[PDB]
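This document opens with one chain alone, in structure tokens, the form deposited in one PDB entry.
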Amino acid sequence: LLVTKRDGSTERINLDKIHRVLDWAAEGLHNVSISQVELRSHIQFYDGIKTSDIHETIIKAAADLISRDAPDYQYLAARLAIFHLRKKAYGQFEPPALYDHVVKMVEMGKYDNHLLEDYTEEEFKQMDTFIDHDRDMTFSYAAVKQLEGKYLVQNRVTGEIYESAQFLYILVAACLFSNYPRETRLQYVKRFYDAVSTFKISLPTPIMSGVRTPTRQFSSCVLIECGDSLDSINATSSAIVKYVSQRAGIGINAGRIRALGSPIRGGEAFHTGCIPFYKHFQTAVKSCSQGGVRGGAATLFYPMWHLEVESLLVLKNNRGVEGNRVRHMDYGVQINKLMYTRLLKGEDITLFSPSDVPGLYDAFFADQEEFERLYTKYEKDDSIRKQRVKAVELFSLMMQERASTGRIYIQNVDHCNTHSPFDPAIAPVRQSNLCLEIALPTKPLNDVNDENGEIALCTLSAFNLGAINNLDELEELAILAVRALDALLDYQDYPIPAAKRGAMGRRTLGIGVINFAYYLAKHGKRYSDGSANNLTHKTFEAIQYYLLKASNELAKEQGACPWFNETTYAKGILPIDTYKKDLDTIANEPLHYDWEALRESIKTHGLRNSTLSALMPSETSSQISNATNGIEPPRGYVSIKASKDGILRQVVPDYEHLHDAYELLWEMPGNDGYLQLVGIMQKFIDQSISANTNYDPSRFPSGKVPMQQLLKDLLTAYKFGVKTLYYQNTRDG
């Protein structure tokens, strides 16, 4: 009895229509009740209830029954959501013709005009044939929520949704392979479209929301290195403002900024310290955030031996004078072998301003022998300003602050340069990014547009280990993933010269996995007992092998990156030659691929991209593919998310059959198992991994995690070559 439509015209309620829809969306699901849904939604209907409202109501109805015991409600809700969005975008369930859609969207200025110039209407007709709009039915409610909220092209003021997932994927393919010769262009478009619509390959939010639209901004994270100079400080700051203004994560290395008290100009003026500048980079970072809060993230890096280290380590400590705190940025403490030995031998660590110890800073990242030489030399030399601190004290201080805030990260710089794709002497890795997985060369700017500066970027993607059947599927998947991002590099715009410089110079990519947890469950391994070591070794060898192959194949086609000669890859060196040897004692799986054939092929034809893999975290992308995030174990079987539209629940993949197979985050007795697996993955990974360390207070006497335990785990990670360490989760129930 009485319903209102979209024009605002009444009509009587035919309740079999609704039922039909529910009936349709339930097709194939197990354990869902259409009556349950009907019952819960019919009670909230009323005379003249907008038709849209009816849709929302049954969607929520379905959405509110999501559960571990009835996980198909996810798909029932999803489909209803998909149906509604169809009507919302097209005024009907059936999506328009690809060509008709693109024309319309070009005329409305929602899509890039180049699409119509780059492809012919018959080409668009051809692409349409690749599309499979029923794939929309494979998304899980949470996923549809993500697509609707941050992927699908829409009007943010009015609310209007202008497209559908399949169109998004086809046009992302179309745009990324638009410069291909016509003999293979559409073959690639089709292959990549299938790869992404069947969730084999995940692509970052910026790419997914924008590639197809008129924008050209797609970089999610930047790495700026700051020289010790007002000009460089100013330059750095300017770069950050431009980059956070395009919503990018910032990773800043401010390690050479000389210490407080250091001479300036001679003896005419003494330095003011690093903090004042850190505060300045922090305002730069939050310059485009509501008030000075909402968004804009950064992670600043400094050597453990910096003279102001003890003041830098407590910058997030809340209990402290305002002037001696830079609380809204995460920090990455950089350690090397020598520092750890100081700890183990119960010795001292000497603190030094980088400005007063010629060659130390470079040595630290590029040459450990030379670092050690210089370090001891300057320890003796009494002319050099310095400070002694007890290694245990320093380490404990750092771990304390890491334990309390969770955000004091570690970067093992020796591991970052002895086991990397680059030549430490020519292009060392002296920092990471926001989430501690990127590891690339950087050069300080002396001005925003300085052409001799170098800024690293994150050009990412990921394989879904839950969606491949065998590891040999990664050969085609790696082809597509490498070929699309490489295209992206030429596709997008660079706001700062230095950022283009490194992009074109080295063409560095960072491809990782999502769904690791589910994959291990599928093979009956766990994280904590070492049961997954060899499988992990097997799996990451495939990933790296096929990515290097794809890049090598691409170099043949289009030429290696300009700066390929600064890579160790160029010198015939491979990941399997410089990994951390201790790894041998925790896994015996033998290399299955022909690395030596490849070694030569790389030597001969080079690599298109200087770096190819990087294991980054992933909330969104994982959500769309209903996959456990990146390489982390799930906290629980059902994940809750808040929204204006209600509570969002997502059940881990195949909970039905794998509930006992999973090993949930807090079921692991400690971090060893996991730190082993990260070490194994690092053997083959070009860049770094976002490793986490987790602690449950319940597992310790008096509920207090022992510092001994914290240092033990830190040393473990170093022992197996872990490059960086990100979050520390302390459970708290």
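The term rigid core refers to the maximal set of C-alpha atoms that superpose within 1.5 Å between the two forms. Positions refer to the first chain, counted from 1. First, how it differs from the form deposited in another entry.
Put simply, after the core is superposed between the two forms, 293 is the one residue in 157, 597, 230, 293 with a Cα shift of at least 2 angstroms. Taking 2 Å as the criterion, residue 11 counts as shifted between the two forms: its C-alpha moves by at least this amount when the rigid core is aligned.
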Second form
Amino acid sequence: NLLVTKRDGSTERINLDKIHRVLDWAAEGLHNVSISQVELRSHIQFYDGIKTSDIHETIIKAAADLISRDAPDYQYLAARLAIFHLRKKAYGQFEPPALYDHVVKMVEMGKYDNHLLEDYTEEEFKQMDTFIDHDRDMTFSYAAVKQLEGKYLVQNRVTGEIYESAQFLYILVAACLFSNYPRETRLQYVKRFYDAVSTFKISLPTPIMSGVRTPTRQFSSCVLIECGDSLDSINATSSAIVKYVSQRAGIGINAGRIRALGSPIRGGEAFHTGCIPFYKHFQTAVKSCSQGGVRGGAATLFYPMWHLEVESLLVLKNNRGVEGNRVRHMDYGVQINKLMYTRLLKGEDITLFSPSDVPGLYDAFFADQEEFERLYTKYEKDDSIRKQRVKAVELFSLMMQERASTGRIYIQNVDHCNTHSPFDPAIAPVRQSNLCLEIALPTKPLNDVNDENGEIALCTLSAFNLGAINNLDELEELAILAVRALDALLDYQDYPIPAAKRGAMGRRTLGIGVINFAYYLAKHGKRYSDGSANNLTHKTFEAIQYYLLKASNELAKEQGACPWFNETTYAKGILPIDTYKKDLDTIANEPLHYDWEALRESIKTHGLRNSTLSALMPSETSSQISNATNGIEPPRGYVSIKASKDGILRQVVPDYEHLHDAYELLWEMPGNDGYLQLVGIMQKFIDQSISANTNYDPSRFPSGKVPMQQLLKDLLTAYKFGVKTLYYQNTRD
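Could the form deposited in another entry be shown next, to go alongside the form deposited in one PDB entry?
Nothing else is written out below except the one chain.
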């Protein structure tokens, strides 16, 4: 007897059968889901005159609430109901319009870029429409759909109106990235790429998902800036930061060159007032376009362990101290090499220098370990040179102490970053990383914001979904698609700063990683902690790097190698399999399955389109679209619960039904050794670095406190197996 209100404002007798019919549609093919249960929970919330839209939101939430381990398929029931609603919001009906008509409408509204209509004829759009399978919208999980609705689908940010659906996003991202291709291969490339992303084999970054097809050209999310030891450079660095955080890019700042407090300037006309005031200026630059502090501008700043002010720098994040000696809203990366670790093991001292007082020492720190030790010991014995001694154990302990309590004091092993690298350290050394410590690229300081002699490193990201591929040879096709799409994006996107354009156009660096690694391991019955996954990992990441290189090599044949290819180790016939940390042989015996020697000569002859290709990023948001486990990290639980604006979102690990015992949750792990070994094995093939976490449960330790001995042990274990960087330290509460 109740009445419902239709969208037009008409009223109708309540019809539970209509709701039932919709529930039947979403429930198709699903198991262990109850339509009546959803009906039971939903109906009780109905009142006379309720909006049909509110009815729809009710049944979405009801199904979403029922997502559990016992009935994981509710994640698809809820998702599909939400898809049904999104269709209605965008098209006024379930079935999407013809592609060309949609594009024309959206260009007219100013939501799509007009160049789509310039680069493709109406007939070509008709063809592309035949590629699309809108039913692939029914394969998203509920968390995926919410991220779509929230971050990716083109919408009105004011009114909230949704203007598109997922497959239109996918097909037009494909269409844009391959628009400049010849007609002989263009639409063939579009279809193949569309299939790859819409069936979740290739995962794309947020700025691409939300931007590519729209009038924007801001797609850079990853920026690396090196600051020189001068006022002009500090200003330039600050300016560069401001422009890029205004475009929401994450920043990696190298400030290790800045001379220490008290150092003479121009021979003594003035004296340096310390690094920290300049660090503060970088922080306000990073936070310049942020309101409040929840998820604003983000940066990681890098400095060497032997820096004269290092004891002051290590404590910049802890909640104690006064405002004057604290710079809390950035993260930090301490740069370490073999000599530092040597002093630690020997229980000797570490000498601290200002880089301005030790000629050639800073450069050698990154490019030449033999020369560094020569210079370091030479300067250690010189009394004319300003210095300070600290016990290596005390210094390392202080560092790890702050890493533990804040979780955001990172490590960069700079020797590993240059002895095992795609770059010639004598010409293009790697002297820093990025915000999340997976990017490792060459940089050059600016003397002006528009200095054409400076080099700001950028990197375009993506990931392979290890859970969606049937066999490792599928990566051949996928690498071709990924590399070619990202490489085209380099020419597509805009560059607000000349030094950044130089790096991107000069080196054409890419960073392609993985997601669903944990699921991948459980699938094959392997685990993180017992070394059972070592050989599989070796096999898996050999395939990844080989096919990436093969794709970039063939891209180089077709369109030419990157302008600065000559500065790479690849150009000199060197491959990652030549320069890896030899200790890896003791923990993995999987043989090489691909013809690297044929590749070596093919790279020698034709070069690479891209200087780097692989990097393992955290990828927390993009993973949710594929319902994948996050990057290479193990899941914290079988079902994750996250509070949000639209309520509580539950997400189940892939194939929990059959793999619950096969999974190894994070806190089920004995320690960090097994994981660190896997990371080391990955790093054997990875061009750049890996966002590696360390994890600790205080409950597993006496007195409920993690001892320093263990922290130092794990640090050294990572270094032993060639791990380049260390990201988060997670401590279970």
